[PDB]
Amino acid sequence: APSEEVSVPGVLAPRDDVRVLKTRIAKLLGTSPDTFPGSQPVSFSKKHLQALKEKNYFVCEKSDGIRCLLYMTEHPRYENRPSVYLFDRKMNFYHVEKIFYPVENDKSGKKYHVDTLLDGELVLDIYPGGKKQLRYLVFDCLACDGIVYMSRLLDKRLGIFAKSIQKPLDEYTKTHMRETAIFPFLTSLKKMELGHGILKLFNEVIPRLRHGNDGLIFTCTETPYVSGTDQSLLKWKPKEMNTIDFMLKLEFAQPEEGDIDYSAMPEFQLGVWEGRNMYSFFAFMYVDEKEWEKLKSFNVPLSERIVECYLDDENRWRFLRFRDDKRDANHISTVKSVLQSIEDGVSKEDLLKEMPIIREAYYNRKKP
């Protein structure tokens, strides 16, 4: 019976704290306090294949987890108290107690970072023995130690973070084992390849990951950091990632004579939630005999329940897992949106075929 992660380590901060934080960040970056300063990517379409040939790009595995900005500052209440806050795109602030970030070449160990805004993702790695480890992967930096690098390019944005934050953290980590083992998570820089290193991610990086994955991310290294939707930031996903939740109904045809043989394969009808109580027939869920005997091996009710399905390479929906939590299937709007996402976007093949050209075009515009 297939069914079903990571969560923010901190605890929700009080309103009179998050308002002060919002104001402080707003004054630092020069944006609206309630407006999320982070960036959001766009769907990778065909027109981007040309884009990768006209600009320098960085590609990295798009891990699945919680995207949230990290903020090193002083506690809103107490005057001098080093504090770290994680906040998502919905502006929900979480105070991460029990964590610090060493300053470069700090003999005393009392120095701490302020006005430091990092852009990263929260993932959950699986180590040998089933032992889990929460991790924070940094892929950008909006501000560091009081300086706003949003006007700068990616190499400098990651460079300053590498020098003033990551390196002292590693230096501290390699000497202090037990101290590091108390951290709510391990902060590390995300492994990134060149825009044409796609293949390397497919055959080496991704299959050796310790956490989940859904597609790739292309980050332009020739563009400044942009709050909100970024045209240079591209999110690519193969067809199998676009999953839709349907209502499953097993239709056993009425036999010519005798009682219905349920051992025989029925029609797996998938329905979409339209109204509030009204569903509508959408498509069929393809199941072969091995998979059918597999379904009867669960010995659970199959009909009348939510299921998660994906489009295979043959453009037919296959069973993935049950959705015991979902009250209703995906609304017709969501279904339409996903169908549009599948209709658009570049295939893995047509994306790979363009790599040798992107590589040479990159080495061609290269600075001597």
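Numbering follows the first chain given and starts at 1. In this text, rigid core is short for the largest set of C-alphas that superpose within 1.5 Å between two forms. Compared with the form deposited in another entry:
- Superposed on the rigid core, the two forms differ between the two forms by 2 Å or more at the C-alpha of one listed residue only; from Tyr112, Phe282, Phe202, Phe183 that residue is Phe282.
- Once both forms are fitted on their core, a CA shift of 2 Å or more is seen for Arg323 between the two forms.
- Core-superposed comparison between the two forms: the Cα of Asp245 travels 2 Å or more.
- When two forms of a protein are overlaid on their rigid core, residues whose CA moves 2 Å or more are considered shifted, and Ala264 is one of them between the two forms.
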The other form holds:
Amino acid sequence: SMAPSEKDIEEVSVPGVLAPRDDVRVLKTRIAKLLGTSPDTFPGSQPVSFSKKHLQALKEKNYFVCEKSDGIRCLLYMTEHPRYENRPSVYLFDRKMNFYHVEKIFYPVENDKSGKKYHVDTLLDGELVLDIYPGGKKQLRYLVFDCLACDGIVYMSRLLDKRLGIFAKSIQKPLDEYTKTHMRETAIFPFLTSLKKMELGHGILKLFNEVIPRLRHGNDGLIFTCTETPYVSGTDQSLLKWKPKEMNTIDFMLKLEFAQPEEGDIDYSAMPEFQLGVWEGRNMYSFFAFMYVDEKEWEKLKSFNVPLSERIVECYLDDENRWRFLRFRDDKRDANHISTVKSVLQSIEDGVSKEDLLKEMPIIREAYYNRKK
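Right, and the form deposited in another entry of this protein, after the form deposited in one PDB entry?
The next block holds one chain only.
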């Protein structure tokens, strides 16, 4: 078969056009005025990597947990077009503050049967995912997991249940009503919008065994959201992302080195050394590790009949903490920078295994009920 590559990955692409530069200045100004932040500062929250100390944290406070999807984290902003004050416009924007204008998308207002009324000053936190259906059909979906503002009112200072509560009633409910009767008009939407499937902090097992294997998109871990804390812009020490070791991948520069024998010539059919290199300076690479390859994989690699050396590969750590080939990355000019590699490995060193996480669940459950007393 073909060599595993980035083309195997179902990659969600934002179904919109980049907003013009003059337009984003207005939006950033408009958003900052609404939230009370700095205009060029991303108002979204960022999670911290799940560490060992976070087992105790889950025992002390009420938590929700959801599936962390393979997709794009972006904020959805319902507003009016910066150039056309009478035109309802929806924007998606990521942590790099890149605004995408999405057309033909529409969020109904409750009890308005005219269909002319629309929401403004509404800001959601969610994930853009690509659901795969049989027959090679694709469906873009936006999974809402938090609400920063709804109809001019800032909910950041409220708790999670209230934030998600206002979204469900004011936005999700009318859209559901609308979709039931306007199915034709719904199918033109660039994407569908829904509240994310959530569980109580101790319902981890249910996620692993029932929810995650039934999703129509990919998964790369869990998100733990505290229900006792306000929404925090930037790094939130109470928002935890967990991820198995096998999903903490690194891009390396692969380089093959063949044993130069003293007698005769080189046997190229024999397994060489697989050197993994880290990118530092300009075109300056440094040795970092050897990729472990067994005989069966080496034959498989040769059977690909593609160049192996001098290209970017994504690798993962196995149970023996050996770096293993995952796929080629043709979409990368260079391997990860040493600073990036260090960060990933730190998340692994302070990591918690899936077994330890599960075996700590019942204690987390009983403490949750001792608080409900």
